[PDB]
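I have a structure I would like to understand better, so I am pasting it below and will then ask my questions one at a time.
Some chains have been omitted; the remaining ones sit where they do in the full complex.
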């Protein structure tokens, strides 16, 4: 009967809440709008880094990439400060995950190559991981402002949680590459008020946030209980009824994570 | 059903969980063995300090009390450093709440005066708050050693929660005296791994812990939601099956408070 509390949070925040938690040997899966489509936003930056790491040897992280002023089309708090110096693949992976750097994600997508600047190649990496519903059709910041009902650049809480499970807890990556992604998400600096704020301090939380227009605000995370049991939590939400200028509500994601924590205790 | 999760941690930690959260205008009351009798242990020092504040004026806190080395009976991290100087009533209140000092509580009990070192006077104060169930018959450290089934020095999560609601949230004390009591519990240094560990960091938590033999571990608390809504959480537990030297499981209290936080979210 956890769907009642989730439905009450939707009424309180005027939002559509989507929550999925994969099942464990001891607990059942938590599902609220798990198979509904929400916008990817910056949450695609976590499997994108894994895609770059998967198709390249570890030595590729030192390849320097140079870009111009016209490449910075969205908020890039790190790419903005290295236009003259350039950036390696590893620095692009660090900025895309920890600071949600918009330009870093577009260069990482271009590093994947192929049509669409790497969007079709990234979606192919999800299909190889069993993901059958997610899709990425544009770059930043276009993928954030898709109209409601448009299935472009959307995923499901059920789909993105399984992808995050194989990248961190599964064997989709070797231990050396998987340890790089886990450390990057563990030091994320944009999710202090989302899933991290809903879980107690003794719980470990690595995450990658995502914000867009129409009040969109998601956060995919892997949590560790104080005893050490790992759970994957996928929380996504939008407020498309409020319009394009709808303000996201980070408290809804923090409140939903507090509901999930009581069930996982 | 929260009672099912409240019935698993008993089997998981081999304990007897007692939870009570007084109902508010928006939320219902959380009950699990709420009317079952649990030992006061060191939690009685919260209504004990409020008793001294109730009968005595503000200037009574500056009254010095002397004591010899014979009066130090239980754990007294502060009393073992003022045997030559003595402590004023205010210091004994600060030591009894924040550090759970055993000798300070015995001195505050004798400060109430009466039969048995101020125990009957203490129970008499509990009766004025409408609590006719709880009782205190012994002094430190004998009240922690009462065998199970015995009703001496016992209380219930139902009756101690309403008492804390009257003292901290109600009008049991005038505002200037109530501000002093809340500050001491807000700076408690013995409850980091109990209710404070089970609630998210953005929740304010004041508490007074209680430990004892037979695996007794209690924590009565008044928590505040990130929006400012106040609740009262009373969690008590023991493991009488493990014998006299049963080990108290602090993780059971912290894990129980997370369940309460989920429903209260």
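Going in written order, the chains are labelled A and B, and every chain counts its residues from 1.
By our rule, a contact is a pair of C-beta atoms (placed from the backbone, for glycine too) under 8 Å apart; a residue touches a chain by one contact, two chains touch by 3 or more.
> For a quick check: 2 copies are placed, so what copy number does the complete complex reach in this file?
4
Definition applied: only the chains that are shown with their structure count from here on.
> Upon optimal superposition of subunit A on subunit B over Cα atoms, what rotation angle is obtained, reported to the nearest 5 degrees?
180
> Over in the complex, which subunit B residues touch subunit A? Could you list them?
Interface residues on subunit B, with respect to subunit A: 1, 5, 197-202, 226, 251, 254-256, 258-263, 265.
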